[PDB]
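What follows is each chain in one-letter form.
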Amino acid sequence: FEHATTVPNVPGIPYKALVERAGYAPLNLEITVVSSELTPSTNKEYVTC
Amino acid sequence: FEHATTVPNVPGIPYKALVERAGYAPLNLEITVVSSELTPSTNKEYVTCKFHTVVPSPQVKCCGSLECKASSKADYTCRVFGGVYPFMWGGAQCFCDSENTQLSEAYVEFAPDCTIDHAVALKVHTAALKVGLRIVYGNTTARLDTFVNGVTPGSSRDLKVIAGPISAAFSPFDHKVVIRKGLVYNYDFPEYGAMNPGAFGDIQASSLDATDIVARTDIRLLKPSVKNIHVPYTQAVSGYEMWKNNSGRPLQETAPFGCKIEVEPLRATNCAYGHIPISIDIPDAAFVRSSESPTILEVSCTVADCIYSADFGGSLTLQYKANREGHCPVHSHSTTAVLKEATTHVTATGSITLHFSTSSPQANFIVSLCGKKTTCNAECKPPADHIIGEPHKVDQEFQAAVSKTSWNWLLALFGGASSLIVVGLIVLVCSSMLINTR
Amino acid sequence: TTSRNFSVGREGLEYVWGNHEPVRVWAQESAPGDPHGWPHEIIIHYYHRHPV
Ligand SMILES: *[C@@H]1O[C@H](CO)[C@@H](O)[C@H](O)[C@H]1NC(C)=O
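Residue numbers (the deposited numbering), protein chains in the order written: chain G, 1 to 49; chain A, 1 to 438; chain B, 317 to 368.
Treat the hints as calculated values from the structure; they're not laboratory data. Take the hints with a grain of salt, since some may be wrong.
[As the list claims (entries may be wrong)] One-sided excerpt, in silico: chain A residues whose CB lies under 7 Å from chain B:
| hint | residue |
| --- | --- |
| 1 | 254 |
| 2 | 255 |
| 3 | 256 |
| 4 | 258 |
| 5 | 360 |
| 6 | 374 |
| 7 | 378 |
| 8 | 382 |
| 9 | 387 |
[Said to hold, decoys possible] Not close to chain B: a few residues of chain A, all C-beta gaps over 10 Å, as computed:
| hint | residue |
| --- | --- |
| 10 | 42 |
| 11 | 340 |
| 12 | 352 |
| 13 | 366 |
| 14 | 381 |
| 15 | 388 |
| 16 | 392 |
| 17 | 421 |
| 18 | 424 |
Don't be surprised by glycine CBs; every beta carbon is placed ideally from N, CA and C.
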């Protein structure tokens, strides 16, 4: 099956949601943001000391 | 007992019906169209295939005369010339400025490979149907096969069940057809003895090996060439190869209703369209007295959930009270929806869950358990997936997709100002009389 | 290799490819028609099916 949902950015906060289908019990879906990793693009210009 | 009912043409779609008799539990009858077999009436017209010409050793008269005789060979032709000096490796066999004459003849016959590459022209007519059915009544199964004609009952247990005639006749076969190597092509071939050079069916034969043969493919002989004995000839290409290059696609990929067509019977199979009435006779032994059947009490209908779909996506629940044990059938007396199971174990106060499907999202109908029945109303939703080839539309739509909310909006919508108009007219009449008082 | 778009009716459609037995694929409706007791744009579903 397919589903969609929005979640806020935050670590270690389980969110519980449901998927509803007639003739099938609504499964409990647990979503947790274990960690975040923001990696930009870098360019080296010059060194100094 | 006797009963009658109409069923649409479709394979592998069980239909569940009931026969009601006071003092006897209503038996659940299951009807399935195992297969279909439409067999028309066929007539063989003539065969055809690639041809091989014949260039027999010429008839050369050394310093004499000859003529152009006649023969029965298909496309037989002769032609003569004079004043010819044929040559050969040992030298010139004969030369006489005028007295020499040469006579050539030409005909044709089916090629040896024809025996397997041959195609045949067929005249078809009077499509007739043969149908195989599986019928279950009270866990009594029967496999039967019969024509749709209303006269003949197929024999299965010696139970004569009549059906038909067909609601609407459908025949992908044109009156004329051609067959080749297990393929059937819809074509309008010419009549026997009617040929055209460069056209299909230029060569004919009542049998693949019949001695008699006839054709016409524009064979005109050519004058002998320079100094070398031979037979220069001319003739138009076989219509067989031409039609092969442009025969069109097989009927297998163009017939409606998904016909599956085979050649040796020249028949169609598992091709569904229309409806068929059926008459069914049943022994009374199969029937069960009601008292023997369990009784039920204060049964309620509860819809656990239901999403409008194609498969048995509708789910229902039933709570019942009974004074007896055994089994009862269940039925949906409303056509719009149909169950998936026939019966189940019963209980003094037990409850069950049932599957079903419907042609409308409005789950408003009545359903019968044992001999009693209860209503069931609810709303079902359309599904997400919308592309599947599995059985669907087991019931045709009856403009019942209209939701109850739409009916509510429509009812309160249509105005009734005409009543206000009539009241206005009546008060106008009364006021006119009052004015007439003056 | 490429892609092709084939329309399918409610009745059903046949489908062939390669040299293996074909598969039949049909379709149903999924547009959002039914309301939930509040004002809704049900018409769109009824427009998606039978524009007549
Ligand atoms: C069919 O059901 C009846 C009771 O409804 C039972 O007596 C009979 O044994 C069953 N027959 C078979 C073949 O299961």
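Okay, the hints, checked on the actual structure:
1. 254: Constraint on residue 254 of chain A not satisfied, violated at 11 Å.
2. 255: With Cβ-Cβ at 10 Å, over 7 Å, it is violated.
3. 256: Violated. Min distance 10 Å.
4. 258: Result: holds, 6 Å to nearest chain B Cβ.
5. 360: The hint is violated - residue 360 of chain A has no Cβ within 7 Å of chain B, the shortest such distance being about 11 Å.
6. 374: Violated, about 24 Å.
7. 378: At 11 Å from the nearest chain B Cβ, residue 378 of chain A fails the 7 Å test, so the hint is violated.
8. 382: 5 Å, holds
9. 387: 5 Å, holds
10. 42: 26 Å, holds
11. 340: Holds: least Cβ distance 17 Å, greater than 10 Å.
12. 352: For residue 352 of chain A, whose nearest Cβ neighbour in chain B is about 27 Å away, the distance exceeds 10 Å, so it holds.
13. 366: About 22 Å separates residue 366 of chain A from the closest Cβ of chain B, which puts it past 10 Å; holds.
14. 381: 6 Å, violated
15. 388: 6 Å, violated
16. 392: For residue 392 of chain A, whose nearest Cβ neighbour in chain B is about 6 Å away, the distance does not exceed 10 Å, so it is violated.
17. 421: 31 Å, holds
18. 424: 34 Å, holds
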